[PDB]
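Protein chains: 2
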Amino acid sequence: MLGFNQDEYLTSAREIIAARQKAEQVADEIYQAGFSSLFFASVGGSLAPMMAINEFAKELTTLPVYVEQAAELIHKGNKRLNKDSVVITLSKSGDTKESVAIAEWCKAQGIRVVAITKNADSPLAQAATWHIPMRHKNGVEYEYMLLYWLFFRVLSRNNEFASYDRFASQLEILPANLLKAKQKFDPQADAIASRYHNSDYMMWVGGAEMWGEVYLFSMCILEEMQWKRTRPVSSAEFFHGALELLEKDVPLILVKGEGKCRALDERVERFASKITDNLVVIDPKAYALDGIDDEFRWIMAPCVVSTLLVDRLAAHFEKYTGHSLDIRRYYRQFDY
Amino acid sequence: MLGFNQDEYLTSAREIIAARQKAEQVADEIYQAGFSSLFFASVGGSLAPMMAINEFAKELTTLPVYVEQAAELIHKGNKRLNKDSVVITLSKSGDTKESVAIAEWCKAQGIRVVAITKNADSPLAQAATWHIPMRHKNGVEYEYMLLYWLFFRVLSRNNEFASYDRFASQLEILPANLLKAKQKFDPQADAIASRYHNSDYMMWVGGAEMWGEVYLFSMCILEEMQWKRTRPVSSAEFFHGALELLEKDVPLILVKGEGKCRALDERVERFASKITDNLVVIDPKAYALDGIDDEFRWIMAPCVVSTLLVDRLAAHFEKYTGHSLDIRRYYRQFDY
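Top line first, the protein sequences correspond to chains A and A'. A prime marks a further copy of an entry chain.
Quick note on PDB author numbering: the first sequence kicks off at 8 and runs consecutively.
Quick note on PDB author numbering: the second sequence kicks off at 8 and runs consecutively.
A portion of the hints provided could be inaccurate.
Pairs involving identical chains hold if they fit within one copy or between any two copies, as the list cannot separate such chains.
With a straight-line Cα cutoff of 27 Å, these simulated DSS-like cross-link-like pairs (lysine-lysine) come out [what the hints assert, rightly or not]:
#1 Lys267 - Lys114
#2 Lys114 - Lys86
#3 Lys281 - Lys99
#4 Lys267 - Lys90
#5 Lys29 - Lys292
#6 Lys189 - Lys99
#7 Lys292 - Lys86
#8 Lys267 - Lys83
#9 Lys104 - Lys267
#10 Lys29 - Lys90
#11 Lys326 - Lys144
#12 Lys83 - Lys292
#13 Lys125 - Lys292
#14 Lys99 - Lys292
#15 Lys292 - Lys191
#16 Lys83 - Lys114
#17 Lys99 - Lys83
#18 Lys86 - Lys326
#19 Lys189 - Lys326
#20 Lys86 - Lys267
#21 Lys144 - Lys99
#22 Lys83 - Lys189
Since the hints were made in silico from the structure, they are not lab data.
Isolated chain A (complex conformation):
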C-alpha cells in the first residue's frame, strides 16, 4: 500500500505488546501505593488518546480522572492536583517541551509522574516516577494501547473492570485487525483524497470518545501537514450553530462512534445527507475485530479510526496534493 511498510507496522505491534507487562506493573504500583486523582496531561495529538480515556472514565469509574492541556495546567495549577496525585505524560520524542515541563514541575512538588516514551534517559523519563517504553514507529493506536493497559488495569484493581483479563489479552490482537482494516479502506482513502484534496474548506464532525480522532486528524494532519482548512466540531454541538455553514458543495466528514453517543453522530448523518452532496462517513462498525468481544468495540473504535485516517487517508492526501507530510513552514522552524 502507498506509504506503508507492513514489516515496520508489525515490528511496532510486537514492541508495544512487549510493553504490556510494564504498563500493568506501573498500574499495579500506582494502585498499591494509593493515589488521589489521575491527571492525563499532554499537548497536541498526544491529547487525543487521553481525551478518549476521559470519556471512558466518565462512564466506568468514580475515581477522579482529568485530562488537561499541559501548558494550561502548569500556568494555572489545579486545586485537585495534590501530593497524592499521579500525572500521566506521553511523548514520542521524550523531549516535548510542555510535557517535560509539567513532569519537572510535578517532580519538584513531590507529585508522582508516569512517562510513556521511547527512552528511559529522555528528559521526560528522567523527571518521572515510572517509565513505560513506547517503541512504535508509526500509529497513534499504539499510544492508545499503552494508555489502555495502564488505565484499564487501574480500573480492574479498583473493582471497576471485571472484564480486564479478556480485554487486555484481546488488545494484543488489535494490530492484526487494524492491518486488515487498512487494506479494506485503502481504496476508499484514495477516493476521498482524490475528491477532496483541493477543497478550500472541510467540516470534520464526531464526538465523545471519538472527539480525539477528529481533533487530531483535523489539526495535526490536515492543517499541520497538508495546510488544509478544517472546522472540527462535535456531533452534539454541530446543531447549535455550525450547521448553518453546511450547503451542497461543502465537504462534511463524519466520524462515528460505537458507544452510547452513536445516536448523536447519526443525527448529523441524517441531516448532512439531506443538505450536502459531499458527505463522507467514517464508521468503525464497518470493520471486523476478529477475536475481540463485541463489549470492547466501543473502546477499540478510536483505534480503528486512527489507523484509517492518520495512516491511509493522510498518505492518499499527500499523493494528490503533492505536498510532503513532512513540510513545515513555522512549526519548529524558528523560535516562537
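Mind docking chain A' on chain A? Use the hints.
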C-alpha cells in the same frame, strides 16, 4: 449606538441584580443540604459561561465540579453523577430541548436540579428543585452574573472564597462598566467589521476562562448568524498544528485573558504579529472596571469580552454583510 438600546440594557441589569438574592439563597440551600458533585450541563452558547466556571473551579475549589454537554451526558450517564449531585441548567427560553431533557432525566432519578430561566412555569423550571429567574433581554454577561453569584456563593460557604462579599456587591456595578466599554469599543467594532465582513475564513484564538467567549462568538454568532467560516482554537493548542494555516492575508482575532494563562495568549500575539497582516487583539485589560477590585478582573474578563463581541461586533458585522442576525436557513426551520 447601532443596534443598541441603553434603556433595555439597564432594565436587564436591574432585573438580573434583583435576582442576586435568589441565586444566593439557592447556593445556600445547596450548601446547607449537602451535595456530592456539581454538574453544569447545557448546550451551545449557554455552555460558555459554564466553561468559564469550570476554569475558575480548577484553581479555586477542591469540590467536584464538571461542565458537560447535556446531550452527551444524557446518552452516556456519568458514574460521578449520583443521587447527591446537583445539576445546574440554564436556558433563555426555558424550553431548550436538551436542557429540559437532562433536567427531567435527573428529576426521574431523584437528582436535584437548578433551572436558571425566565419563567417558573417553563418546562425547565417545572423539572427543577430550584429556580433562579433570568430576566434580561440581551447580554450573555447576565448569564455569567447569575452563575457567578450561585457558584461563588457555594465557594464562600465552603470556605474557599473569602472575598465573596466584596465580589458579589461589586458584581452589581459590572453592567455600568460594560456600558462604558461598549461605547469605547464601538468605533473599533465598526473598523473590524468593515475590514473583515467579507472574509472567507477567520481564525479565532483564546483559551482557559476565555475559551467560552471564543467558542460562542465563533459558532453562535459568526457561523450561525452571519454564515461566516471560522476556525476557533485555543491559545495553547494553536502551536500544535493550526499555526501552519496562518499567512499574511489570514485574519486572526485573539481574545486575551487576565488570568494565569494570559502568557499563552501573548505567545500567540507575538507569533501572529510576525506572520499575518490581519491580527486583531481583543484585550479586556484595555477596559476599566471602576469600583471593582483588581483581584476580580480575571473573573470579570469574559463578561467584558462578551459585551463587546456578542453585542457591538455582531451589530457591525450585520451592518456590512447586510445579512440579518435573525436569519436561519436550517436551525429550528425544519425537523432534524
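Hints breached by this structure: Violated hints (numbers, rising): 3, 5, 13, 14, 18, 22; every other hint is consistent with the structure.
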